[PDB]
Amino acid sequence: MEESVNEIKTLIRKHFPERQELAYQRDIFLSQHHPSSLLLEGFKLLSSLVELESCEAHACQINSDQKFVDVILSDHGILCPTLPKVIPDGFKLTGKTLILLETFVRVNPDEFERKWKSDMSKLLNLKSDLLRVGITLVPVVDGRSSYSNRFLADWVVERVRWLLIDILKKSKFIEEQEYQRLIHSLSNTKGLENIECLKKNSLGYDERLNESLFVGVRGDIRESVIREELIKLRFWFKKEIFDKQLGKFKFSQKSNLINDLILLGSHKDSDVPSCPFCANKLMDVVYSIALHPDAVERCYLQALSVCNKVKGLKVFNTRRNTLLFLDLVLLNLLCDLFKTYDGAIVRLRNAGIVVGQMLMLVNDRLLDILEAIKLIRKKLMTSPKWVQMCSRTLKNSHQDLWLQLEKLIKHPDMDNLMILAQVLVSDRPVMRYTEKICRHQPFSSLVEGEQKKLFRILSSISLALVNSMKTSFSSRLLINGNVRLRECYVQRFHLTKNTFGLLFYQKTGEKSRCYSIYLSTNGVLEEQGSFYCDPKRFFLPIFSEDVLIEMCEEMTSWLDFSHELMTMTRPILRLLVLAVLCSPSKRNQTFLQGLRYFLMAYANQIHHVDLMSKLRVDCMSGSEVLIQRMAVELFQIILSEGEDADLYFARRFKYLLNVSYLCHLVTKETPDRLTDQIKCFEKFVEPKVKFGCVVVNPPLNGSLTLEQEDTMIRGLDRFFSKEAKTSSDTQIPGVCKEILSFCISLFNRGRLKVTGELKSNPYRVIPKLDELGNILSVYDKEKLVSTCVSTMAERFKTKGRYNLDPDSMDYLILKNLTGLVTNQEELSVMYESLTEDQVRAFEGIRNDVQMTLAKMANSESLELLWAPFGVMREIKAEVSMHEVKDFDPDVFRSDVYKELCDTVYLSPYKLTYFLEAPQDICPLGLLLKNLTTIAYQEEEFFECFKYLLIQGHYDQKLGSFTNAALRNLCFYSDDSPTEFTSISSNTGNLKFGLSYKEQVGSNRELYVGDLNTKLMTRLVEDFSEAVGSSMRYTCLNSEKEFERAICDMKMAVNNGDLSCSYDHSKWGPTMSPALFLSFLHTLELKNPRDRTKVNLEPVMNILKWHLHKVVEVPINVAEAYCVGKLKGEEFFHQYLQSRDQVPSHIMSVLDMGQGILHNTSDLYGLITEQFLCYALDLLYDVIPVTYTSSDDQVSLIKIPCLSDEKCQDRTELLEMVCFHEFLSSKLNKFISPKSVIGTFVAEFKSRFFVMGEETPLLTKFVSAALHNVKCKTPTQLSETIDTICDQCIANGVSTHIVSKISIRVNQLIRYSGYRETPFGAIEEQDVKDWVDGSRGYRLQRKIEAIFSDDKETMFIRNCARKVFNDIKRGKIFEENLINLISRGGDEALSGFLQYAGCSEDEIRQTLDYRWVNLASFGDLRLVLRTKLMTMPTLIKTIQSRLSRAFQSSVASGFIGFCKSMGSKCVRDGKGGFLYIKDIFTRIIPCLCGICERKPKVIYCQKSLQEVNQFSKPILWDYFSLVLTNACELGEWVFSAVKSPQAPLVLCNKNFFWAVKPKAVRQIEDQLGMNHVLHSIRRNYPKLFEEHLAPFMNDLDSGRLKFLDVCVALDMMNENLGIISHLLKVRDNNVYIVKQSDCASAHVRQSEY
Amino acid sequence: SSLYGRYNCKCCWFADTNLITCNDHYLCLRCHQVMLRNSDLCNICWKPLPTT
Ligand SMILES: [Mg+2]
Ligand SMILES: [Zn+2]
Ligand SMILES: [Zn+2]
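Residue numbers (the entry's author numbering), protein chains in the order written: chain A, 1 to 173, 179 to 195, 200 to 302, 320 to 460, 466 to 511, 520 to 803, 820 to 876, 884 to 921, 942 to 1042, 1085 to 1251, 1265 to 1567, 1577 to 1590, 1608 to 1758, 1765 to 1817; chain B, 31 to 82.
Looking at chain A on its own, in the form it has when it is part of the complex:
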């Protein structure tokens, strides 16, 4: 009895041997008694159990005797050569197609993925060399989090998983080298700092690593050495750097600035013409249209609706017979109406259907006469029937009502169809691909109506431009350097009573194309132009032709002081805002955002000397010359005028600043992805190659070679070797140890303005990194192919005879990609939610799955006849890229083979390589013959050639003492840290990966990390966040001192201190973790309680790992460089010269990951900035104060005396500020040329304070409101635009621009299924509802503005006043209402009117006004454009509250939203979704009294019988809003509204003052937890409604007053949202308004 036969040797009699064999490992487990064997043969048995469950879950045979893949293929006869020799857990091999699986179990989310990637890429290396045998391999690996098998379950916690490690730890004294591996594996725990338990072995590299970091940094120097050193440094600086004019800063002059601006942007020496219209191909089309240069249609559009409904459901075989059947139908309908009606083609059918020789067709397409009929006579003469053979498939396989007539018939009457083709004679478009006659009138002479009309036509064109992506991304034409347009697409837009406008194009997708606007007024076509444009850059000016005109008119109204300055700058600004939109580019952003630096340099006194070299962005493409001329010519007409020039300079300053912020009109996202993915790799590696510390491909398991250590030490030695008396200025990265040691030494003893006080003790799915931002990874694609092959390879094993594979495989694929939320309807709504690139991803998966399943069937090297014929111009001259280059024949190119190299190869005499008939449910073993026949018949020829070359067997390359390294377990956790060097952590080297982030100036880089390297970074960032949170002047992650910096900086500009605005450059790439190590090594940071030194050694050992980190070269730039130059960039130089296989990993001393060590560098830039404050306070008379924010700062320096004339010494601040810049170079902080010094203007985080008030930024907030429409539901985007129009009216915009953004977002919802909701989006026609109001008061004013008589909404406010006075004051008190709220609303509203005392003659009179809902029985099922593989209302956000990457476009979001509002979206109870057209076509049209106060939003009861289940009242919602806001603001809401007397007062437009939000007096006083305990005492106890993250009895009190009536209203009514409000503080509370927006606002008193 050694406590080993306790419940191991005798409990093993109790398990289930319910599968493969009898005792196989248990017989050789009974035998042993020696514990060294008894444990080793015990965990092997448990792992055999885990793999035996995991194989029969995937239905494979166990790898029996640990045999290799070579001998397991040579068992059956497939003789394969040498191979990477991997051991699988199991194997299937159903005949030339093998599944290989591995299983594992890792408990932790960190070491799960680092085993999954390891065995995945151990399997996926094996696939690339199974060409010699030609076997398709499919790998699958299952990792789980437990041992939850089928055999013995589930009191395994008392089984061998717990006590085998007890047997190990007890009997350790037998020979085994005992591990933390076996404890960490066999046990089960679920991670923070105190990493000091690891071993810390050291190597001979680490001592010379410490001889280069910690040598000259001492920091115990006494002060009177340092003061003498600084005085000597100032003497040297004023002798040999300054007074020789080698400083970096200089004074400004008010003439040389604007006389170097007009030689900077104003291109005088270009041949571009002077008028703007001729310079841009899209801007004269807008000019040409801006001057003017029903009983038949109802019988055509309804038939076309039926037609493309037939196109929706898959009916026929191919995707061309659908188009031929449908144009036969439309062509017979064309012949029909020609003879019945009198108002024919000549009079009435030229209202859009025929355009002259061409007619409308299925998916917004056009096709001409006499080529439609020449095309339909092709196969109808070869194939005999083709109509009765094909209309039978619509006769008994559709819903079989046809919705049609005698249109779909046999061989059409060609005789009168020739009369048709000769009436419609000729006018056919051009659509030209591919000069000095100025017929364009000057813009300043056009009357105001035609200028506004040029805005309108851009709105209409841009709407048609965005709609040009609605076309299906897999539909092609029939027939398929200017051209002549036979067939094309069309997107017609409407202008006036008879005029039209068309937009021809010829491809489908979401990128830039050739477009050609025509104009067909009365059937007469007309040329208007042609242009290239990228359509998803044009989302902004869609319905905004009154936001932009009122914006430009507000900016003009600021210049009120003088006419002939606003009658002169009015058309220049209009053409500026027009030409910016008509050509968006990154170059226009990077020009226009750089003029605020010019304006500050003109405003302040001192500026950098390389300022005018940074303002210049070089030009392309002609129109940018004119936009630069208009930018630099609008400046010198505001400033630099005659004798009264700088008269009111504050208005001119904010005017030109808001002109400079028109770079936010142009779209923030990327123009192309691959050019930015290149441009953010030659911005990552260009500082490192110049500095010279690049190693490529480190050995990556920790250890390094010799020369890589030497390069790392040489980079370290160059870093810490700047000399304190030389001229290596702000260009070269490093740090001198003398001034750094001065900074540390004055920080340790307390002499800086921040010390080591240190309150609050500072210790307190599976993505791959090569391919970031891509749609489908490699790992994810073989996951998904493995999923569908192993799923549908056993579906027709237990249900069929391998003979049934329909288009439900596409339902497998689509429900794996898009998840969920059947069978050719939701398959249609899933396929119409994939963007074009991920449509191509879908197609590339499904042909791969079909290829594998075609190879799945079993039930030759003697006959390979000719896959192409060997008498044409090729045998294997260029198709030799099948056995050497381009490894698999699936990615065989066709680019140089343009259009008819392939179809000549596609003429055999229909042999065995093709199949005789097209199938639909073709059995396996004959799929690829079906596929090549269905691609031959398709007129899709290169696909058929690839299927022949797969068919012709062209994929081969002519094949014709123990316990040491047994990681062969399912749970032995090798990926767990035990030891660590200075570079490693026993696991790896802290990988990272690159992407970009799409700012508006230039795309900043962005580093992501592995899961193991995302918590180490979190440890260090949280530590330095704590240490900096003890300090006082940083401003990165706080708000109290940010408002205090604002309150100091307003005072400093208003009194006259020197307020210098600084900006550092290349803060990311030039910092290094060696700098943070050498800084932090000798700090003190004394503890709060006992004042003892903090052990900073764990953060040293993490920052050494950060120093020695590795990154991944992105695979899309590593292919685009090897494609380039085919055997001119600084990164490309260090890609061609490397004599390895390829560079993929980059390791260097530099770079300090962008956002990865952000708070630590905030500490560094705080302490060294306070040191420079000390040095400038010592060496001068000034007293500085700074507000660093980890990238930039502001410094409010004041000068004590001599504010008098004849200075001669005070105007030599230049050596002071140049010396600040010199020392900042000495520390590491390089100052950029965008950093302007002086009085009158200060700027910090773009806030721009000024002598008078501040400068409001109209343009930034309006252009942020316009293209920030990201859409999930209409109420979601409605409150989103409410918060944006809230925070942009805090900052001084007027209410008219807010109301026109509101009208834009209302009309932008209504371009889809939604008709009009009384809640709408937001308040059109508003004034005062923003300061003393919230979302509830704006919806209340909207509903009170519907009833514009103030007689019906009153009698609801009086009821609310009665119930509210009877909850708080006297003689009635209500305490029983939760049963009345939850009973639905109608009877609830009658019950709350019963408390007030009402007659039955009026309690149903007010129950009559009612509105149609669409989210009554739930929410609308709309599937939106999101990523591949990415119950009541407030309960989900309270569950989100109790628990405390790749980017996308906006125009594609609106196209996906508009496609998911015409599907079966609305829900109706029992399932069975319907349309919105179906619901709104059943409404009975009546003039029933109620429908004549605001028609088709407010309906009467008697006109909603047929649709009565979607019908709620608004007086219930009006009562609910009036009650639940007066919970939390005011008793004034129950009064009336009257005019505020509107006298003839001073009508100034420029007397902006600030107001405080008055009368937001609540009742309840500091909620936050007192509703969660209220959500059980009066609610039904749904505290267990998914009781996640409890605060119950571990982490409750309550009894707050009104929440009993004021949470149930939020619980049942869908769109109040009051508990999201009262659990949050207000975001603005600083409201700044005009003078006449407070003398013309509605006055709603409390009691009046």
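Hints are supplied without guarantee of correctness; some may be wrong.
[Said to hold, decoys possible] Below, in silico cross-link-like pairs of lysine-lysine (DSS-like), each with a Cα-Cα straight-line distance of 27 Å or less: (1) B:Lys40 - A:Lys1335; (2) B:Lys77 - A:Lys467; (3) A:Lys1564 - A:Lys1407; (4) A:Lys1721 - B:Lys77; (5) B:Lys40 - A:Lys1719; (6) A:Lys1465 - B:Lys77; (7) A:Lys1407 - A:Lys1719; (8) A:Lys1397 - B:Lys40; (9) B:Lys40 - A:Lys1174; (10) A:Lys1138 - A:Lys1174; (11) A:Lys263 - B:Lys40; (12) A:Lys248 - A:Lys764; (13) A:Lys1343 - B:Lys40; (14) A:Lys1803 - B:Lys40; (15) A:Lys838 - A:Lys1115; (16) B:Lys40 - A:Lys1712; (17) A:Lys536 - B:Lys40; (18) A:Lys836 - A:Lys122; (19) B:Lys40 - A:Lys1382; (20) A:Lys1719 - B:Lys77; (21) A:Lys1499 - B:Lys40; (22) A:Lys536 - A:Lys625.
[What the hints assert, rightly or not] Examples of chain B residues toward chain A, derived with CB under 8 Å: (23) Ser31; (24) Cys41; (25) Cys42.
Keep in mind the hints are simulated off the structure, nothing from the lab.
The beta carbon of each residue, even a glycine, is placed where N, CA and C say it ideally should be.
Model the placement of chain B with the ligands on the given structure of chain A, informed by the hints.
Coordinates of chain B with the ligands only, in the frame set by chain A:
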């Protein structure tokens, strides 16, 4: 300095000569008669212009 704001006039920022005072702010002598014959005995609002 601390009373009043710096010494410049608010109208044109760039003017520190023998200017005159005004209610909460200074005015240059050019800007005084300009804003006196611009509109009225005031701005559109009331910052400026005490009498001579
Ligand atoms: Mg700044
Ligand atoms: Zn012209
Ligand atoms: Zn003045």
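Consistency of the hints with the structure:
1. B:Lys40 - A:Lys1335: Holds, at about 21 Å.
2. B:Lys77 - A:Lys467: 54 Å, violated
3. A:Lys1564 - A:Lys1407: 15 Å, holds
4. A:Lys1721 - B:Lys77: Measuring from Cα to Cα gives roughly 26 Å; hence the hint holds.
5. B:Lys40 - A:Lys1719: Distance ~26 Å between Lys40 (chain B) and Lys1719 (chain A) Cα, so the pair holds.
6. A:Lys1465 - B:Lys77: 25 Å, holds
7. A:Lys1407 - A:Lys1719: 32 Å, violated
8. A:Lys1397 - B:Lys40: Since the Cα atoms of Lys1397 (chain A) and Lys40 (chain B) sit roughly 26 Å apart, the hinted pair holds (cutoff 27 Å).
9. B:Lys40 - A:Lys1174: Holds. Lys40 (chain B) to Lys1174 (chain A) sits at ~15 Å (cutoff 27 Å).
10. A:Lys1138 - A:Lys1174: 40 Å, violated
11. A:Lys263 - B:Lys40: 19 Å, holds
12. A:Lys248 - A:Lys764: Distance ~12 Å between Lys248 (chain A) and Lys764 (chain A) Cα, so the pair holds.
13. A:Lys1343 - B:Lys40: The hint holds at about 24 Å.
14. A:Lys1803 - B:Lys40: Measuring from Cα to Cα gives roughly 19 Å; hence the hint holds.
15. A:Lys838 - A:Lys1115: 23 Å, holds
16. B:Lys40 - A:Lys1712: Given that 27 Å is the threshold and the Cα spacing comes to 18 Å, the pair holds.
17. A:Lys536 - B:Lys40: 55 Å, violated
18. A:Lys836 - A:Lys122: Holds: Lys836 (chain A) and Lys122 (chain A) sit about 16 Å apart, inside 27 Å.
19. B:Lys40 - A:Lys1382: Holds - the C-alpha atoms of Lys1382 (chain A) and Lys40 (chain B) are around 25 Å apart, at most 27 Å.
20. A:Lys1719 - B:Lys77: 22 Å, holds
21. A:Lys1499 - B:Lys40: 55 Å, violated
22. A:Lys536 - A:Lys625: At roughly 39 Å apart (the allowed maximum being 27 Å), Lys625 (chain A) and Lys536 (chain A) break the hint.
23. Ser31: 7 Å, holds
24. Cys41: 6 Å, holds
25. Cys42: At 5 Å from the nearest chain A Cβ, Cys42 (chain B) passes the 8 Å test, so the hint holds.
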